[PDB]
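Here's a solo chain for you in structure tokens, the form deposited in one PDB entry.
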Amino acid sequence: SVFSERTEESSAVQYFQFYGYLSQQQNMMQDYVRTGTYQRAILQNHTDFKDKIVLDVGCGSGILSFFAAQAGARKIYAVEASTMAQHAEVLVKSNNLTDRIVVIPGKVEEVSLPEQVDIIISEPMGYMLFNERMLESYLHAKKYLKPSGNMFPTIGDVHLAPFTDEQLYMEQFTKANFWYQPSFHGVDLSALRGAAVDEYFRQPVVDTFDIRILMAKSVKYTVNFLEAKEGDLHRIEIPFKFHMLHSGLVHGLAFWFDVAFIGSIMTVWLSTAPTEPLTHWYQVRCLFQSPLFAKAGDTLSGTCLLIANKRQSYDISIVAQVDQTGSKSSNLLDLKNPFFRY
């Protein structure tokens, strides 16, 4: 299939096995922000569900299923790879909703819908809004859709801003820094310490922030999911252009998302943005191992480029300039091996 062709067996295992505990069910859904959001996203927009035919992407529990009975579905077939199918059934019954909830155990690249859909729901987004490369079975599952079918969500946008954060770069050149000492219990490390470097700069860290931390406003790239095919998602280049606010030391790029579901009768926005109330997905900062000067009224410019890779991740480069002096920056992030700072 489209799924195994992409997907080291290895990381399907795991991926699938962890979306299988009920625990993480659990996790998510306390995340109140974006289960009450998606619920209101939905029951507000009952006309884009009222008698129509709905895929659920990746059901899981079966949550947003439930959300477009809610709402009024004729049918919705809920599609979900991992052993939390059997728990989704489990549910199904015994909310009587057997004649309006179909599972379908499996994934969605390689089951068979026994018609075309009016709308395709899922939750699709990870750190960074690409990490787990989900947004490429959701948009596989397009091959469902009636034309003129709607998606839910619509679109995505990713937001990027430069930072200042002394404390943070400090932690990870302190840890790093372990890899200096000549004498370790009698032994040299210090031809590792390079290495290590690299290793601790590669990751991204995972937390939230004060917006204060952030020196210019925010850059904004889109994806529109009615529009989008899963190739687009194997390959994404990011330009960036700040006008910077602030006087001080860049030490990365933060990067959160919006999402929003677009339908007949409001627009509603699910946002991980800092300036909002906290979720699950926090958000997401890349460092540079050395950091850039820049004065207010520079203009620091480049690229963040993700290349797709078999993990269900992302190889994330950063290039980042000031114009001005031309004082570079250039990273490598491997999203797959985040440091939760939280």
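Numbering follows the first chain given and starts at 1. Rigid core: the largest C-alpha set superposing within 1.5 Å between the two forms. Compared with the form deposited in another entry:
In the core-aligned comparison between the two forms, the C-alpha of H185 is the only one from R235, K93, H185, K143 that shifts by 2 Å or more.
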The other form holds:
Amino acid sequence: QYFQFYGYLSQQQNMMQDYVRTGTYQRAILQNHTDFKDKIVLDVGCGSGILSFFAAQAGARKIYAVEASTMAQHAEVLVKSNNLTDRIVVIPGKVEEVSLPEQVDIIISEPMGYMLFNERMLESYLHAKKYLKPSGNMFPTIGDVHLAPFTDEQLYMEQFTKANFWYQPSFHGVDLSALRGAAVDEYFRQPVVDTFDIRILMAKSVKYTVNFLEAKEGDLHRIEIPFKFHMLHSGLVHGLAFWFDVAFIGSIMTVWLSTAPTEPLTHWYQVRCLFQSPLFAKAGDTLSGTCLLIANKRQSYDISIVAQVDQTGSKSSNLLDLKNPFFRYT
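Now that we've seen the form deposited in one PDB entry, could you pull up the form deposited in another entry?
Next up is only this chain, free of partner chains and other molecules.
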């Protein structure tokens, strides 16, 4: 069901129209030509092949382009029509289940999901290091998740407006009221995907770093992100906002791709997890806690956020379902 989605050219078209992402990848690869020139490359989850073509443009000798959806057939068509069949080898299948005839010098991929970790494609990316030669590189090389507390009364009250549909005593004779709390909980469990004005942020971001050269596939099963924010503004904290940056650390240039709200919009937007019970904070208070991601059987994570205002002892605890994201952007 995950991979069927990706078999449609309508879907590929949509994915290729992120010009920030595509330009940044092309630059990371082309400006680090000595990391590709005459090298063996693995492209994990190539779709229609775009990153593999960039690797070929940078002079790679062979690129193994692995794709688990029927999009592999279309990649094969483009490889031939662009006269690169000697240089890009399309491999249908999951990177966990295919065979490479050869170890590689560098792995390239776009494994980032919403909040960095959605899709659990980072685990596939890390799994693929079994094909990596000693002292081989990975593009992207490291990933930083950023989180910061926000206030947004409008977003917060939206959840109740929607749930209150159920708070009526005679819907064609039926009293729906008993489901209102369940509706509220469900909406608050959905991470909210859209952008926002940076003015809603109440403290400087905290980060959590994954070095993909060092990290092990298993490490991503249980991710514990601690935080201690020093509040720069007084107000109601309605949740945490998330974005991420990744770096392509080449031998010539380090290139960054950012999905920060201070940067041009990408197809990852930003993500906000709401607290059903908001926390009041004054300037100078400290908002501490932990965000815990546990991998689930649906290409996703269960999210647990507990935060407290240290100076008052008010706590808020929040469970979210990263497999039911709410796409709010317009």
